[PDB]
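Below you'll find only one chain, the form deposited in one PDB entry, shown as structure tokens.
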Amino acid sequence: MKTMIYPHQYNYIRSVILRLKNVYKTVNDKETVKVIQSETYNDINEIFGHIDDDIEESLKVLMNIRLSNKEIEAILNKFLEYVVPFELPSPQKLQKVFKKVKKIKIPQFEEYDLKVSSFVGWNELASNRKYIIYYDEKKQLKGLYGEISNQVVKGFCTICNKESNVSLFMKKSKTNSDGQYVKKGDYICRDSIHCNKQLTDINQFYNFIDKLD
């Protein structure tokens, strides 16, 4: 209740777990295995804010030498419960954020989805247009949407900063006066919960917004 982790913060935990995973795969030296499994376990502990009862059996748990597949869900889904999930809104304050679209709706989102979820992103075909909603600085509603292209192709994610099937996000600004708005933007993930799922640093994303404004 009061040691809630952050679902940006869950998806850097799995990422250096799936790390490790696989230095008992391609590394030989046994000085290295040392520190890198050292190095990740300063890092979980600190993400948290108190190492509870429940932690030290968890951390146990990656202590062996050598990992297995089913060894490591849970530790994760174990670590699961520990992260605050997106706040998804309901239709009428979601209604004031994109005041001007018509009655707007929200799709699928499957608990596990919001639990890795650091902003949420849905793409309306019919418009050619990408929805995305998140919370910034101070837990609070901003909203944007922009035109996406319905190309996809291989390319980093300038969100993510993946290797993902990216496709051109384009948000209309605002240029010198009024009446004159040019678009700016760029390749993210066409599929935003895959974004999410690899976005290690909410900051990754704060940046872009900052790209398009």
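Numbering follows the first chain given and starts at 1. Basically, rigid core = biggest C-alpha set you can superpose within 1.5 Å across the two forms. Compared with the form deposited in another entry:
- If you fit the rigid core between the two forms, you'll see the Cα of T175 move by 2 angstroms or more.
What I would like now is the form deposited in another entry, since the data block earlier showed the form deposited in one PDB entry; can you produce it?
Below you will find a single chain and nothing else.
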């Protein structure tokens, strides 16, 4: 049985593999290549409690300076087999998370996209909203929405930490007994699917959520 890994761990493995390939291609310093080779081997190896023969072979191929694009493709495809994809909730569970939102519905998602997703986010332009759903560390379905500005700028996304097309996302806290609430937020990728593909550390996502208060 293949070890199960999370989508963000797959994204991380892909990231370090591509970083290594770029070092092979463009960095002429022998000792630097060795340092990055070792770092990459460790970065990938540490994800698994347990590496099997296929991963051992992939690592061997990765550690060769003649690593090719075709070889990378094959290795990425192999690593994808280990991923447990994001599980879209049933309509009844989704509605329980957004009890005050009538008629709510999550757009269809391609299977690869669920394999790289730590959360699912979609925009409803009519209401200028982004909806976000995810599971917490206890595997409970959670959801929120906020206003997403129409203005898009270049900046680093607060969730994935990559330089991207971002918009200001503002969430209202639950309204207290006196009708008062806090409204906080920050810039995040307008396109949450691309955001998820860029997300290699899920703690960044959870930190974003917590910062909304």
